[PDB]
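Enquirer: Build out the structure end to end from the sequences listed, making use of the hints.
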Amino acid sequence: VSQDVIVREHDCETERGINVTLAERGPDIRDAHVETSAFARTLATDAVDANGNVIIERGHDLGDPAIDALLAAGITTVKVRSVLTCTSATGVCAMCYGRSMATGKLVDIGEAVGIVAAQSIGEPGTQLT
Amino acid sequence: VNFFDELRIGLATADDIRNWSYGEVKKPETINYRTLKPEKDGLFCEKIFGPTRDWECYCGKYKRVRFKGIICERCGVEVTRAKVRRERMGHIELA
Amino acid sequence: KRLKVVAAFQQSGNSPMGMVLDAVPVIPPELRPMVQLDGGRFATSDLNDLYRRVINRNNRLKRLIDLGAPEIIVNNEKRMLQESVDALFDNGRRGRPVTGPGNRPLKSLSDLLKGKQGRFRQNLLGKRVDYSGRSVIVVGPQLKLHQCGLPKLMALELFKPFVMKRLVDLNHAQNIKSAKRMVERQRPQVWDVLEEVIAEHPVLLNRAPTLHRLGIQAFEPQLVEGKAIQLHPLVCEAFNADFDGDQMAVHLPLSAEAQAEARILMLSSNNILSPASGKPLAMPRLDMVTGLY
Amino acid sequence: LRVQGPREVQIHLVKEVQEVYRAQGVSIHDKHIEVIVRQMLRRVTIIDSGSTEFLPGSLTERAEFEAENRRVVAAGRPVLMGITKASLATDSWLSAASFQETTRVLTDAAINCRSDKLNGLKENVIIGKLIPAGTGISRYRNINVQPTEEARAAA
Amino acid sequence: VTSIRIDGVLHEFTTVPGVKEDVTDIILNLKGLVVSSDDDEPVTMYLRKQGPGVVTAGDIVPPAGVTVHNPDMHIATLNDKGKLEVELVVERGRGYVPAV
Amino acid sequence: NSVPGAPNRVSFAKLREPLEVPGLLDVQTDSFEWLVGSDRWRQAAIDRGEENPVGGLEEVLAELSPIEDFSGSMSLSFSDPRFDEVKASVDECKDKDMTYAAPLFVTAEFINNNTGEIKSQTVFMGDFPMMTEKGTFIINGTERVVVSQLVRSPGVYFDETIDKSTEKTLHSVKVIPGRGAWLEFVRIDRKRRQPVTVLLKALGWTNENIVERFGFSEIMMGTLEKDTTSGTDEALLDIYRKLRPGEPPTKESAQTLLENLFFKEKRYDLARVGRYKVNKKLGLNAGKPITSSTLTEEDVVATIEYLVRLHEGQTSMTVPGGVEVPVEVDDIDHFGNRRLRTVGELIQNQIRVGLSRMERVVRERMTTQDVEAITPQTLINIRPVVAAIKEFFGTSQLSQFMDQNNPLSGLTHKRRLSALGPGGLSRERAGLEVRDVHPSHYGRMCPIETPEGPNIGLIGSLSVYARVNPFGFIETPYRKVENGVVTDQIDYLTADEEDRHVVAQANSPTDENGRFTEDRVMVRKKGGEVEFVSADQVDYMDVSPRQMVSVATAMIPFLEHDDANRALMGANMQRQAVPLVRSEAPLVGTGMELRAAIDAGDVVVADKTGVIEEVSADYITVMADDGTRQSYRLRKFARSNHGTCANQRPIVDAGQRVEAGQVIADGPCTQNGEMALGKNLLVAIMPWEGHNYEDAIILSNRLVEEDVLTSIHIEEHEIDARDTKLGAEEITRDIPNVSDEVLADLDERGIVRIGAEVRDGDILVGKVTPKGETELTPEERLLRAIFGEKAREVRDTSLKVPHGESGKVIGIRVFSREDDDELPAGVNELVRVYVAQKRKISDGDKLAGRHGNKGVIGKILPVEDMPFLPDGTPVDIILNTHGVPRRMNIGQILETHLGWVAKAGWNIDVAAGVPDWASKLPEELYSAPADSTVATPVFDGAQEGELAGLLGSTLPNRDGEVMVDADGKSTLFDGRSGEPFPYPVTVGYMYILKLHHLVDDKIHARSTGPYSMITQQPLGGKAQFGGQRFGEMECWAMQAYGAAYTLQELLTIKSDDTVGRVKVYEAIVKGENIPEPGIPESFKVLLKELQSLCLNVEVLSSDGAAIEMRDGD
Amino acid sequence: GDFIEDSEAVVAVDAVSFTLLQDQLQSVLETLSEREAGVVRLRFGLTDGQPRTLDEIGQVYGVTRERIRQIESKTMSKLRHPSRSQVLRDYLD
RNA sequence: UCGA
DNA sequence: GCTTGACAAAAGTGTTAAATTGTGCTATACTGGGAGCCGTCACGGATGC
Ligand SMILES: [Zn+2]
Ligand SMILES: [Zn+2]
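Protein chains in written order, with the deposited numbering: chain H, 879 to 906, 910 to 1010; chain P, 4 to 98; chain D, 294 to 586; chain S, 1123 to 1195, 1202 to 1283; chain W, 51 to 150; chain X, 21 to 205, 215 to 1142; chain G, 374 to 466.
Among the hints, erroneous ones may be present.
To be verified - With a straight-line Cα cutoff of 25 Å, these simulated DSS-like cross-link-like pairs (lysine-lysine) come out:
no., chain 1, residue 1, chain 2, residue 2
1, D, 355, D, 437
2, D, 355, P, 43
3, X, 555, D, 470
4, P, 71, P, 86
5, D, 409, X, 509
6, P, 40, P, 86
7, X, 154, X, 184
8, X, 309, X, 293
9, X, 255, X, 295
10, X, 255, X, 188
11, X, 819, X, 754
12, X, 819, W, 131
13, X, 665, X, 867
14, D, 355, P, 30
15, D, 371, P, 29
16, X, 194, X, 255
17, D, 355, D, 371
18, D, 407, S, 1250
19, D, 470, X, 1099
20, P, 43, P, 86
21, S, 1245, D, 407
22, X, 837, W, 81
23, D, 355, H, 986
24, D, 409, S, 1213
25, X, 194, X, 309
26, X, 800, P, 66
27, D, 445, X, 837
28, D, 445, X, 1031
The set of hints was computed from the structure by calculation and includes no laboratory data.
Expert: Below, the structure is given as structure tokens:
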């Protein structure tokens, strides 16, 4: 089902995205899983604090160093660019997908991520009960 | 060539099947029990599916590559490469 | 739901008459081969007998019609022809399948495509390839991350055409015939020639089953004695390869594009991270853990 | 899906799917599960009209539905279908033939006189062509290489 | 010792008539031989034992300049029908070399 | 022990065996003797049992007697099966490729007293395969074994399910016959939608009788209240038409049809096992003579009563006029309801089919064949009878090639129990309920031993002390105990009978005089559920521990310290060992090796007390004290079915004295009468510089120099000279095109010379075949003129040794047609060459212990640099420490410590008062010399306290110094570095085995080779010299990297491209660049296949119209 | 069906060897009389593929069939002579 | 029927 | 350097004895097959009731 999905273009240029939990209700903390969701992403819209300092600009890789600064600013949510909102008439765009997990860098124009995602989900399936 | 955009499918009408076929197989015979040759007007018949040996008619009048694209008048086999036996189809006319 | 079929015929130009056959195409002989193997005994494809039942019953129907016959006999022959053509295209889809000796259902044209053994999942989505081999794997603790121990007999047969042209380049042998015989006979000259072509020529190692893309990695061959294969201990986590007797396969890229894809894309040193979670897949584990701890 | 719309179903699926994999200690990235989820909601039902051979109760791609719906010279709702039903609805008829239910896929394709553009990679694999991905993209394979005149002077 | 030769056997997997051991088991017993040679070039010893008894390591007649340091070693046991004729090649070297 | 030649191996067992291990091959021999009038089996049934024993043949002839023509005028009776001496000795059968059988004689009387009476005759059915003394068969020269199938016994078994409609429980009933139409409760003959009350009116039951039986607990009364019609004869017309509804039913035909379908013995065959099952289970004919046919009515009346009784829950049910029996649901897996079809019975069913297939010819012959004078000679065609036998021994899943790597694998194969086969479940059809061990498997089937593949739970090994019933239900021995005192009585109990008693634990305190010493004792109830009771209620007791575990499982020392998983691997890998050149018995091992070795049949046993007259490698002769002279020929370097060596060696001295049952010559894997599957090596457990990593193993080079791990492998090659269509095939030295140098090793006949060496590609046997017409090219046939070598009419077809093997030729076997011999039609000369080789232990070969530890050889270091004790004695194997704790098999450490304890002599001080560690200590075991053998029975073993105390012992390493402390660790010296290791390491003597998985067999390499005919892809397997399969999942990994050229290369020019592969080979040889790939041939085949289905398919260019791949597309 | 190898399937080595064999014959036959080389080409057919006969070769060169057998024998002894045939020994088969 |  | 004529072998070649091959025919009266099938499991969607 996902084998025909590849990265066609660099950026789809759309402004849509989804929200990430990112450290909820602490302290008086953080979140159990921020590496599966927030990490490796790319910021959809600017992340601003209460007074609007605009700490992290759009398109940042949202690495762990960026998460610490976001926590220090005190914002509990960030709208992130995802493949669900990506337009990209054919395939998907590199900016919406995110950082290549193996490379640690951005996704190349040739990467076929459907088969990679299928294997990423299927391989651990031997450990389920 | 291995560069063609699309491949289309569909239904084969009785005329399409007749145009594919190089002849009607009239007998349920495979090979002679003695000579082991492809007996005529059956399955494997060289008159339609092509020759067993490269550039050879069934009776052996034309054994050489000088003449190709010709059909032996006696045995009715076309002189060409034996690979045509892979691509050549027959047909059965139903009653 | 009935409209979809009625509309399908309306949009295209194919007449619905195509659903009834006035003629049955015959598959070429070489695809339904009849050949002899041991000492004259024969083996043939099932289609020939499925075709035989069709042609036999069709001709018997012509004989009944010319004589003239009661409808009981003619109609009985017609339905027999109906089931013979059915058994040819799809055997067992309607009623009991046509069985051979010992109650073995005959293979039908539809059986050729379907299933794990059909043309698709068997001979299309996968194939058996040349320039390949296999053997057991042993630890290669002294190897570099990009290196792998390669049995010398295996590499000799894998690179055979290359070492042939090399010892023909050199005067060790004349023309190509003595070169092939010199490789097959193991004569010691070719060993020094094999190390020459092996140099910086990558090979692909595979450990089945392949769950993710790291199940295949490129390495630089190192001629090694014995019949076993030396694998780097760090890549074991990727292949999930235990040293309890696992077998691995080797493939040899040929064209320049293939060799390039093995050096850049598929090199072992290039992929050290799991392309799923991102955590490093090749890291010190087991003895190295307790060794450093 | 009937309540909160398409964008929420994708959030619910990824949350539930990741919850099962997290229970066993398996850590994957949500982007992977989103790649699979994106393929389920790419189709829409056609309730009425279509204006041109778009039948009611039919599942057609959203993008292809948006282009045909222009026709200024059709109504439907987004759907949610399993991966099997989606991969069987692929525009490539021989890609579905090689996947599952080969007999049913073939009869339907032949009745509709379907045509396969040979776009996807599974098609190019079967015919022995270069898959349209990785180094097979229309750009990379056409790269031209020449030595710079400044460097050639050295020789 | 490098190679051995027996008149009745063409290979190692056959039994000699009238003896309790076989050629393979006899060779496994001959591995325990401790010989010393002063000649670089190879030389051949000889062993011939007829009738019943037990063939030991002292029954070999050594050529000039060679000796056997453990005559008590057990080789084979024969009976009235048993007859053993074998010649062995003693060589010079060091370490371990497999069968050539 | 208890065997005359038994060596001395001290056992730690705290108990004494009340029962000896029965004959382990009895399962095969007893069933076969029952089949064919064996007077040995005749006595068994006579001494205890019925006075009318009936052999398997006699009972099937009783079924066939008589044969009548339906007119009643004449009849054909069979009787008196007769057997004569076997045709040839098994050795001559295995040599000549002929089955080992004995003729069969019978008596057939043709009686027609309507006309003039006819006469009798003596008939010969055919040569009948006979089981050997080893429990095997010889079929067409190959040694085979008939396994024991697990089938569901005929009978009535009821179950309860939860309906999807409501939460209330339901009960479904199913009667299972052997040959019946199996009506189920009320679906009959697989006809759905059936009422309950139609059967009574169908049987003719009066309406008042239903109220009496079914009136209690309502139920059926309500079912009888709602019905289509109440007519007795009307119910017939209603039900008779439901099942068959075709060809309108006749009135008289429908009445007796049910009696024909069920009551009749011809259509519905009452099972002799089911008759016993249902009669006593339901209480019918309790304590009455057996051999009853299909139940008339009463039994069916009890089934419906049992069903309604099961709903009410009443335990005690008395059938009207019958007895009372508990009412409860049955479990299918309980061995009382699941029986074992033995070898003799499996063959019986095929003979029955052969006789039934014959009567169709005899019935059709007697009518239309002449008249009055025909007699059995006229037409009795035994071809279908013998065909049923021949077609069974081959092609059948139950009859398999005897698996023999070592005498252990052969023995374990014969006692195997598998549920799959004809009349049994398919592997995919089998659910997970059968695979789980049932509480009734105790002492009957071994729960540990089974396959790890798809066959888990279906295949099992019969237990040690268990034996099979005449009905097929496994029995287990037990020691009856009455009133808290163990008795000398032993009774064999089977399933249902075992649940009616409580079973004491084999391990229990025992006073000198004998009794229950403890106040509270263990037991296992009918659950089976463990229970703690008192001596008052105990009846039966286990004869000993290990009653359950099989032979292979019982051979693992310290079995109780290992997990079932690794124990299953250890037991399975024991049958995967290989015979070594000199097989030495295990230093530390359970006492099972002695008994199991002599019962495997691969050793030599003396059957008469006396004195040996002569000893030789070829044969041994014994002179009995009664004056007779017996001889035993020793199998010498015989090729096993799997390729191993069966060489035997005599252990006896010429002037020695033997005793009945004493060992004489050892087998392939044996030492002095015990099973020797491997060697005892000095093992230090530590990680060594990464060369032993994740199960990898390192060896000492001494094992290669001293051959301790060396094994012999023999291979058989075969070719025939057949009459061809164009002439006759000739075997000779005349091979047309070769250099005279390559044939130097061939004799005049053209075969290879015995004793000569060979290598891959050499000519073993030269042969030739005619060809025509030749039709030589112009280029070639120019050299024929210059070099004057006439092109031969014949084509060269020779026998060449395949890629990657070598050895010396052991022997030759040639069958000429000139010499009479025996050969099938068309073949003239048949020659077989036997090549063998001495395989040293090599890097990559698989070694494994008995506990499930396995791993390849990562490297072999020279003896100079290896961890060695202060002795200067280097170790042998280095095992990775990280693998021991995780796998949950700690027994290997125990036998490693005990292995060192038994290697060196050990002496207990004992002082005056003895160490308390020895209160329950071994008896008179305190002392022991060096290199002593010790035995640790499974569940009566050497305990932890004893092991620690045993470590303290004598350790005189040439001098006074001891090399192992009480903790079992020694300070090793690195031979490579020269300095001692920083910490103490565990060293000892373990027992490891060489496994049949070897690198020389598994290594495979290919560049170009044979291609498939329909599709141009290469083939699989090393025998075909095929290439590796690049599959669907491997293509996914190739696409994930995003490499298109590597993938296209593999699927085009590497495999299916006809013109591309030859051009690529041309480019590599010429040094040019690799050309551009083409279209895979299989795709063209795909288009042609689609066109055969009448699907119009066209590959078209983007511009214009379609194109053609070839003549058609 | 998967165990039957195609007998008529072309082997790579023999096919490549046939080309290298054609390359070698051209060089050997190239050193000879242009009229001697023509007789050998027509005799065995070579380029044409149909082996001719002495009389057919006699009409092209305008000589009797006996004169060609003399030419055929002289060129054969010159071909058997080792300078030409030393390289073709490997091609016996 | 076995090996991972 | 090539040709001649006589010359034997080979290669066809036409004609006849032969083997191989296909079809018909047999006259007491005989008239509806027998084979078989037990141990998934979960699911979807027609089709049948
Ligand atoms: Zn995007
Ligand atoms: Zn012709």
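Enquirer: Now tell me if each hint is right for this structure.
Expert: Hint check:
A C-alpha spacing of about 77 Å is found between residue 355(D) and residue 437(D), which places the hinted pair above 25 Å, so the restraint is violated. With a CA separation close to 20 Å, the supplied pair residue 355(D) and residue 43(P) stays within the 25 Å bound. For the suggested pair residue 555(X) and residue 470(D), the alpha carbons sit about 79 Å apart, so the restraint of at most 25 Å is broken. Annotation: proposed proximity of residue 71(P) to residue 86(P) holds, straight-line Cα distance about 14 Å (limit 25 Å).
The hinted pair formed by residue 409(D) and residue 509(X) fails the criterion: a straight-line CA distance of about 58 Å is larger than 25 Å. Under the criterion of a C-alpha separation no larger than 25 Å, the hint pairing residue 40(P) with residue 86(P) is consistent with the structure, at around 17 Å. Under the criterion of a C-alpha separation no larger than 25 Å, the hint pairing residue 154(X) with residue 184(X) is inconsistent with the structure, at around 55 Å. Proposed proximity of residue 309(X) and residue 293(X) is supported: the alpha carbons are some 22 Å apart, at most 25 Å.
In summary, the hint linking residue 255(X) to residue 295(X) is not supported, as the alpha carbons are separated by about 35 Å, beyond the 25 Å threshold. For the suggested pair residue 255(X) and residue 188(X), the alpha carbons sit about 21 Å apart, so the restraint of at most 25 Å is met. Straight-line distance between C-alpha atoms of residue 819(X) and residue 754(X) comes to about 23 Å, which keeps the hinted pair within the 25 Å bound. The straight-line distance between the Cα atoms of residue 819(X) and residue 131(W) is roughly 55 Å, outside the 25 Å bound, and the hint therefore fails.
A C-alpha spacing of about 15 Å is found between residue 665(X) and residue 867(X), which places the hinted pair at or below 25 Å, so the restraint holds. For the given pair, residue 355(D) sits about 13 Å from residue 30(P) by alpha-carbon distance, which is consistent with the 25 Å threshold. A hinted pair counts as satisfied when its Cα atoms are at most 25 Å apart, and residue 371(D) with residue 29(P) qualifies at roughly 18 Å. For a cut-off of 25 Å, the pair hint linking residue 194(X) to residue 255(X) stands: about 23 Å separates their Cα positions.
Between the alpha carbons of residue 355(D) and residue 371(D) the distance comes to roughly 10 Å, so the proposed pair stays at or under 25 Å and holds. The straight-line distance between the Cα atoms of residue 407(D) and residue 1250(S) is roughly 17 Å, inside the 25 Å bound, and the hint therefore holds. For the hint linking residue 470(D) to residue 1099(X), the alpha-carbon distance of about 14 Å falls within 25 Å, and the restraint holds. Annotation: proposed proximity of residue 43(P) to residue 86(P) holds, straight-line Cα distance about 19 Å (limit 25 Å).
Of the pairs offered as hints, the one joining residue 1245(S) and residue 407(D) holds, with about 23 Å between alpha carbons and a cut-off of 25 Å not exceeded. Between the alpha carbons of residue 837(X) and residue 81(W) the distance comes to roughly 20 Å, so the proposed pair stays at or under 25 Å and holds. Distance check on the hinted pair: residue 355(D) and residue 986(H) sit about 75 Å apart at the alpha-carbon level, beyond 25 Å; violated. At most 25 Å may separate the alpha-carbon atoms for a hinted pair to count; residue 409(D) and residue 1213(S) meet this at roughly 20 Å.
For the hint pairing residue 194(X) with residue 309(X), the CA-to-CA distance comes to about 17 Å; that is within 25 Å, so the pair holds. Restraint check for residue 800(X) and residue 66(P): the C-alpha separation of about 17 Å stays at or below 25 Å, so the hint holds. With a C-alpha separation of about 24 Å, the suggested pair residue 445(D) and residue 837(X) falls inside the 25 Å cut-off, and the hint holds. Simply put, residue 445(D) and residue 1031(X) have alpha-carbon atoms about 15 Å apart, close enough for the 25 Å limit, and the pair holds.
Hint violations for this structure: numbers 1, 3, 5, 7, 9, 12, 23, all remaining hints satisfied.
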